[PDB]
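Visitor: Listed below are the residues making up each chain.
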Amino acid sequence: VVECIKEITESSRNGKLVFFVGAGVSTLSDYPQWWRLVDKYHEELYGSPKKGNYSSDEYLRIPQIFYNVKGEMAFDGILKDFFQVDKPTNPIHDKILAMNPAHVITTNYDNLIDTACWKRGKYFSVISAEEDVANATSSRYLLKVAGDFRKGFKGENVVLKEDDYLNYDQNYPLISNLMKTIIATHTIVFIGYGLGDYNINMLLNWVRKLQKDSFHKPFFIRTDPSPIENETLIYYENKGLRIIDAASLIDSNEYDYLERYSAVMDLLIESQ
Amino acid sequence: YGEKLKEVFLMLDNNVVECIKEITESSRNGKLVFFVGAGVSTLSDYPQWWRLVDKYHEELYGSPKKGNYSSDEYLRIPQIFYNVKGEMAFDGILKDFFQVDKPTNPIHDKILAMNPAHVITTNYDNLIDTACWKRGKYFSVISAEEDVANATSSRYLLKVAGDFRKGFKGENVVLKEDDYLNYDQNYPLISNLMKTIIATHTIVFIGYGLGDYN
Amino acid sequence: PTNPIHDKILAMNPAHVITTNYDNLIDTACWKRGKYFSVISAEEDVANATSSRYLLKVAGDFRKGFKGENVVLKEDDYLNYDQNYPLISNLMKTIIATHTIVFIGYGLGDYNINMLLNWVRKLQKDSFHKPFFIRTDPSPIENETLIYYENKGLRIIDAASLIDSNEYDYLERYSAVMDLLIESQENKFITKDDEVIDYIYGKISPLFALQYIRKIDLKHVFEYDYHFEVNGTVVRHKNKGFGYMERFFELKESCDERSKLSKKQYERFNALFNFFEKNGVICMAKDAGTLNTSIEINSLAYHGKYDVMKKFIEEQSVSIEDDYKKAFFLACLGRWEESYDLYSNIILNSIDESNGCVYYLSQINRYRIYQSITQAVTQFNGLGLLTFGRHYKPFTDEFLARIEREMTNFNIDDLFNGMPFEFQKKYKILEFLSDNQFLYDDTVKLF
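Residue numbers (the entry's author numbering), protein chains in the order written: chain C, 26 to 297; chain A, 11 to 224; chain B, 113 to 559.
In short, the hints are calculated from the structure, not lab data.
Errors might be hidden in some of the hints.
Unchecked claim - If the Cβ cut is set under 10 angstroms, some of the chain A residues that face chain C in the computed set are:
hint : residue
1    : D55
2    : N78
3    : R86
4    : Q89
5    : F91
6    : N93
7    : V94
8    : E97
9    : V183
10   : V184
11   : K186
12   : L191
13   : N192
14   : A209
15   : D222
Here a beta-carbon is modelled for each residue, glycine too, at the ideal position from N, C-alpha and C.
For reference, chain C alone in the conformation it holds in the complex:
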């Protein structure tokens, strides 16, 4: 338990700590979520909103029909209206940056991590697309796997639709290869990520399903109001991941993600 935190400190000691961040480090600063976008497309697609349970297929498909019939101007316009908002940095970002990791990998389309890096003075090499890897300028990297809006708010610079998710291996091969090498060479700690997200439910599943026992186990920071159960913990230990529970130490209510995040990150930082 605590020895895992000690191992994390040893990893952060020399050169081998890499933080994998996700949507949990983005909701804190109130960057608008994806489901509100999904509802916005539905507003013009069908005519009236709905609610209830539907397949995650439909969740990811609703943008696809809008892409097919409306075209591309409407998609770009909706994206431009929805994301063109400036937000400040919640303290989790600087909490991550104070750890001084060798590399940090993100799936967010956001720019909060870049702004935080600029604020802290840590000059990195942001890699955002195919052409950027050829013109790398340093060693430490800021890899945005899912693409970003540096050039503009268009539908071709980011992965949002179904086809883009199904054509990743034929449109971003260098990014995939660099990510594979990064996870192979350095110890990985996951924070702020969900457990049903296709990005970190396949990129551990497929890669670790075929490998040998010479691999470094990655770490995941949980975010859920209830503490995890035992059987799930064991079966995930089988899959090759270690889980640092966020509800086995602190007790709170069901709308206080920020405090659990801060508690876990402060616990990790305390061993300095």
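Once you've looked at the hints, dock chains A and B against the given chain C.
Guide: Leaving out everything else, chains A and B in the frame of chain C:
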């Protein structure tokens, strides 16, 4: 009843008329293949795969998950049961619910009466076999990999998902998540045969949703 | 022009021919002999089909023009093969997995064989039928290579171990290998007496279940090799090899010639002798002297003894064949509704069992009884009271409603085609029962 159908045809969109004409033309030449799914199985009150998941979730923990389960727990729960709690109790549970015998529904006979040269099913229950027995149509059942070479017929009842003919065991059927990812490596010939059948025939889907995996 | 090897390949009655050849000589050879094949060389041709046989030109042909895009020659066309031609690969896999493949005219390397040996063997489980290979190199294959290519999943029939030929005489080697098969479709190789009895048995044993086989019909048993006379003689008509039917009578007549047989052939010969005596085949044509024949029908339906049948029906059953006879007796007595139920029960019960002579005949009888009940009810309810001076309604609405749903469609012209392949090979003999023209070959001769 015929006049009601005539009126329906009168208000039918011409696309439906064209589709039924094409289906009849294909059926007259013996070039039709039906795809039976879950709906034709739940018509006859056969146990579904949501009660099985709920008992799988009952053995662990104390009570069923309050609210909708998840979009991810559905496939993960049986794998957890098989992996961490034991590979032997899986067969016991499967024999517990998947043994009850139920009789055939009229839709099975309607499907079979159309001269369906080849039938492809993703059902792991042999009721269509009973319908074939009663209607007197000889179909060669392809359960596993070792039956594509010894098929003693020119008509195929291809059970892609695998059946329980050889026994109620967890290795003869594809139910778990691990049995889905490692599918193109364990069942090559069956997939190849299904693709070939689909390529050179006319496929009619029945009893499927609009967001199923297959 | 077309070389004789193409003719020898086609004379082997193959179900499918797959060639990696850009050429069209195989198409011309198929055209000349009158065999019709559907040519598939592009993706579109997979959809249309229009035949039950395929000449799968995997590498394409120049039929649509002499252009580089209809054939696979360059390296760019070999690395994008899977992406460019999806359907042809799948058809090739299915055909190779279902049938038996006999490679001809291939080197042991030669690119194309390597993908087959890579995918068919390694990725598949042990559910394979091993393909054959015909090698035609001058030097004999060394024994160390043979073990490797056998373990990879190929049988090899080397030509150098068959006939000694010079370096450049390829045609003689191919001819020797092909005539070892086409010559021995199985008439000329037969020399020992252990082959004659077994060859007769392998074709007559299936007909042990039935009670009588027509003589004018036994020709189809022996693929037109002999004419079987109605009187009880046989005549040689097409058998070009050592006469397997002539030797049987020579064995039958003698007393000590039978002695040089194993302990197992004696019983088989006795069984064949009993079958031939029961059916009525007597002896050779030349030795056929006095041939007085008495026809004796044993079925109780012919003799018109209605008292014994009634006792028989109301008695415990012992086997499926006994129930099949009871079904015919009930139909003879006129109790059609019970006969239909008994036939349906027999069909349900006997579908699990082995060779379906009972199943097929029961299906035919059920359909005939359905025709009879329909034709009876139409005339009864048409003529009404005028028939027997009484408004007699024989059957109830339950049966009339049930059979209509049970007998929907049910084309019978494909009943023999849907039976298992072993039944089709063994029992081609009963193929004429389904067609409603069976006797239209004897009124021919009444003229």
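Visitor: Is the interface hint satisfied for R86(A)? The criterion is a beta-carbon contact with chain C at less than 10 angstroms.
Guide: Nearest chain C Cβ about 8 angstroms off; hint holds.
Visitor: When the nearest CB of chain C is found for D55(A), is that gap smaller than 10 angstroms?
Guide: Violated - the Cβ of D55(A) stays beyond 10 angstroms from chain C, reaching only about 23 angstroms at its closest.
Visitor: Taking the least C-beta to C-beta distance, is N192(A) closer than 10 angstroms to chain C?
Guide: Result: holds, 9 angstroms to nearest chain C Cβ.
Visitor: Have a go at the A209(A) hint: is there a Cβ in chain C nearer than 10 angstroms to its own Cβ?
Guide: Hint violated; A209(A) Cβ to chain C Cβ min 22 angstroms, cut 10 angstroms.
Visitor: At a threshold of 10 angstroms, is the proposed contact between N78(A) and chain C supported by beta-carbon distances?
Guide: Since the shortest Cβ distance to chain C is 5 angstroms, the answer is holds.
Visitor: Double-check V184(A) for me: the hint is only fine if its C-beta lies closer than 10 angstroms to a C-beta in chain C.
Guide: Constraint on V184(A) not satisfied, violated at 17 angstroms.
Visitor: Holds or violated: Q89(A) as interface residue toward chain C, Cβ cutoff 10 angstroms?
Guide: It holds, given that the least Cβ distance between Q89(A) and chain C is near 7 angstroms, below 10 angstroms.
Visitor: Does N93(A) hold up as a contact with chain C if the rule is Cβ-Cβ below 10 angstroms?
Guide: It holds, given that the least Cβ distance between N93(A) and chain C is near 6 angstroms, below 10 angstroms.
Visitor: Against chain C, is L191(A) within 10 angstroms by beta-carbon distance?
Guide: Where the cut-off is 10 angstroms and the nearest Cβ of chain C is about 7 angstroms from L191(A), the hint holds.
Visitor: Using 10 angstroms as the Cβ threshold, decide whether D222(A) counts as touching chain C.
Guide: Holds - the Cβ of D222(A) comes within 10 angstroms of chain C, reaching about 9 angstroms at its closest.
Visitor: Classify the hint on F91(A) as holds or violated, based on whether any CB of chain C lies nearer than 10 angstroms to its CB.
Guide: holds, 9 angstroms
Visitor: How about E97(A): closest beta carbon in chain C under 10 angstroms, or not?
Guide: violated, 13 angstroms
Checked against the numbered hints listed earlier, the structure breaks hints 1, 8, 9, 10, 11, 14; every other hint is satisfied.
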